[PDB]
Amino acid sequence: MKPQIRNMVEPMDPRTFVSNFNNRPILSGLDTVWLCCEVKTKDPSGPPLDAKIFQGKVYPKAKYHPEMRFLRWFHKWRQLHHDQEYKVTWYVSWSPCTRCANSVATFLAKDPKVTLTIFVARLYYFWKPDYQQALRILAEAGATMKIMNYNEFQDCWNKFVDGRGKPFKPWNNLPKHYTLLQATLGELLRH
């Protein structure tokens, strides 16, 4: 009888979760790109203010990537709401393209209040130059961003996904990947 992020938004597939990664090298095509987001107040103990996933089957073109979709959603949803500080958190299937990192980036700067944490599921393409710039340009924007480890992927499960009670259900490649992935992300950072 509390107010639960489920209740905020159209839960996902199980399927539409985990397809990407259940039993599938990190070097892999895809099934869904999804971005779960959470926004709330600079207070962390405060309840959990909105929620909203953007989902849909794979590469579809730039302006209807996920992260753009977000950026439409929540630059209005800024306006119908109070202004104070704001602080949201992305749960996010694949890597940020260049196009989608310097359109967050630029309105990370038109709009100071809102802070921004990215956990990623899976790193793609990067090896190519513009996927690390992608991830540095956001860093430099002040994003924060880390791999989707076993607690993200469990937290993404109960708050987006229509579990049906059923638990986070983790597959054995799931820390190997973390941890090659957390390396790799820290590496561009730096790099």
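The term rigid core refers to the most C-alpha atoms you can superpose between the two forms while keeping them within 1.5 Å. Positions refer to the first chain, counted from 1. First, how it differs from the form deposited in another entry.
Once both forms are fitted on their core, the CA shift for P129 between the two forms remains under 2 Å. With a cut-off of 2 Å and the rigid core superposed, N20 has a Cα displacement that reaches or exceeds the cut-off between the two forms. For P44, a C-alpha deviation below 2 angstroms is recorded between the two forms after rigid-core alignment.
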The other form holds:
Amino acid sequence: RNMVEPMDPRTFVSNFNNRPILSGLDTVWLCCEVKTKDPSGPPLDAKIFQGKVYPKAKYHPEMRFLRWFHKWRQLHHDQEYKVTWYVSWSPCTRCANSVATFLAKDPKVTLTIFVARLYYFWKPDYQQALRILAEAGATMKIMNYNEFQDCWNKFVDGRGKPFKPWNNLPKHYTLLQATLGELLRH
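Cool, the form deposited in one PDB entry is there; where's the form deposited in another entry?
We keep it simple here and write out only the one chain, dropping partners and molecules.
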């Protein structure tokens, strides 16, 4: 969390709003944190990537993370690392495949993904994207209050001010988390 260029409060509030059916958000935001196996250890690095939802998947923020992280692994000690993502939309199939491929070649990396909104949760291809990541060993969880607050504290230019939840935040969470759980069943 220390020394990213933080995102501004308005960008966060707009892009991490967890209304389940939401139009006019063409942007994906990905905040990531790298740590060692140790939960008593500090963050080693942190990045914020933005990208568009449109199908030049090469520029989806998940793909930018993989490119960044690949280099980061080389330049650091070969050891087990815990990566956490907070992502405003869940990933597309292409990105899931690349992450899956990545996680297969790199078992010293374990990935936890927190998602504000499921992208196209009614469409089978984005449903499969979630299942692809699960099988590759990534956990996926819908963001609830604590994760939004964590993401606010770590990645947003909140200037000491506390996270303020928007209306129906936990209600949206209940719907989305049930839907994620359903999509990952069996």
